[PDB]
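Protein chains: 2
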Amino acid sequence: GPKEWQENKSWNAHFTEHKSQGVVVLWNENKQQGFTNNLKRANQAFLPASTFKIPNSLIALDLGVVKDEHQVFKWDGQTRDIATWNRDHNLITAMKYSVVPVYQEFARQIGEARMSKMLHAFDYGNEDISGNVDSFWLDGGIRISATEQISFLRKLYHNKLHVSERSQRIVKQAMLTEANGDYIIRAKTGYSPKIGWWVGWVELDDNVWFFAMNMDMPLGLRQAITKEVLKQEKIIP
Amino acid sequence: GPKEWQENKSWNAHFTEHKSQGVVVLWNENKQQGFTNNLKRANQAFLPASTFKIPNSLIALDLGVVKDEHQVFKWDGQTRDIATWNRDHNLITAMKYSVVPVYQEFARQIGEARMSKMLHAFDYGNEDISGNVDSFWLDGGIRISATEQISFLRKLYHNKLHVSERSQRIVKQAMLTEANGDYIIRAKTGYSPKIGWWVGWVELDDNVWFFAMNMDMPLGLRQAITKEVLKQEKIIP
Ligand SMILES: [Cl-]
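Those protein sequences? They're chains A and B, same order as listed.
Those letters in the first sequence? Residues 21 to 238, 243 to 261, per PDB author numbering, in order.
Those letters in the second sequence? Residues 21 to 238, 243 to 261, per PDB author numbering, in order.
Chain A extracted, bound-state conformation:
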């Protein structure tokens, strides 16, 4: 009978087209079935990089480190290389522009004990915050696979994570990336030197498709390759 996970290697063409190497993982929520071009890489655990802003946001909200999505976190006045980082931000814009220093301050206020407890409660990756509490998702020991990202995102979608419903609704709002009359994408990018990510889901009228992709050494290719797979599968026009 049918399998929970099927391999579709025709998606490799979308990586080959860009001389890229990576994995796309899709989960059809109605059918309760997943699809990927590479089942091995789909289960390979990598640094989450800025995809960690999803659980980090949830924890900061649930503990009151972030009061709501409108609270302003003032620029500390240090000029950094990414220009959009050198300004005041709220939760919405800090996630949109992947503003690392804003989330590093969240993480310090959360603190290591609560961060580790919350990641265990979330069943998140290898749950390992070794390193600095304000950088482990960038250069420490935490590792999460694409299928583990799907599992985490499905819990978030269904408000099943062990944080308040309010925290989950606000983070799903902050994840909003694109919407029109055909679909809604809620997602988060991530970039580290060796790995780039895009994880999230596509809401349709009568189904949800969760996705998690990563690729070696990326940036716009993360969304472009993912969208080529979504188009091939007729999920988006």
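The reader is advised that the hints may include incorrect statements.
Among chain A residues calculated to face chain B with C-beta under 10 angstroms, some are [unchecked claim]:
#1 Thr113
#2 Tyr117
#3 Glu132
#4 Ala133
#5 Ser136
#6 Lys175
#7 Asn179
#8 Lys180
#9 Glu185
#10 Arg186
#11 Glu198
#12 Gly201
#13 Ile204
Read the hints as simulated data drawn from the structure, not as lab findings.
Backbone N, C-alpha and C define an ideal beta-carbon position, used for all residues, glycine too.
Based on these hints, arrange chain B with the ligand on the given structure of chain A.
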């Protein structure tokens, strides 16, 4: 001192382009200043038509008539003129396709006493539900102006309406109409033979512009005219 409200009649060109007549009202949240092509019409009261799905959704959720945005309201099997109505819906798709019969069922469950009490607590228009409990926003006594729509929407945006924060967040999610890297639109269309509406807001990185437009005897002109004003004011590209 500066004016809270200013009239810009140059926007009339976007109406007369289509041999149309109406009002657009804009509110700049950061500046606390409003702009309109027609100050008198901005404050005249009209039937809300399907813009009433915003307060109706809020009330149905707060009273538990609708449990959440996933609850399915099955098609009653009656083939109606609008094809997208002849199917099962949840709150998200019922608002997207303006599915009148789903919301009439909400209104019947809410009932006259609780509907009137809620609209009073919302300060919603003339607070008058005279007419049929399940059609007064289409052919009964309720009236609201464009500036009153703005004031109601600002309360919703800030979670200041009387109902639970949860109900307000769910309805703001259901109002999602369009999103990209430049802006987010949360809005609701309204149509009756007499009046057409588009009300909502545009979220930018560091500001939000509320809008309410109505126009005589309409359909796509509602959004098209509003966007021509937003483009003229450099709110959207
Ligand atoms: Cl949203």
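Comparing the hints with the structure gives:
{"no.": "1", "hint": "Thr113", "result": "5 angstroms, holds"}
{"no.": "2", "hint": "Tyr117", "result": "9 angstroms, holds"}
{"no.": "3", "hint": "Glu132", "result": "31 angstroms, violated"}
{"no.": "4", "hint": "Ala133", "result": "29 angstroms, violated"}
{"no.": "5", "hint": "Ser136", "result": "29 angstroms, violated"}
{"no.": "6", "hint": "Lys175", "result": "15 angstroms, violated"}
{"no.": "7", "hint": "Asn179", "result": "9 angstroms, holds"}
{"no.": "8", "hint": "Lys180", "result": "13 angstroms, violated"}
{"no.": "9", "hint": "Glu185", "result": "7 angstroms, holds"}
{"no.": "10", "hint": "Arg186", "result": "7 angstroms, holds"}
{"no.": "11", "hint": "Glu198", "result": "6 angstroms, holds"}
{"no.": "12", "hint": "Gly201", "result": "8 angstroms, holds"}
{"no.": "13", "hint": "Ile204", "result": "7 angstroms, holds"}
Comparing the model with each numbered hint stated earlier shows that hints 3, 4, 5, 6, 8 do not hold.
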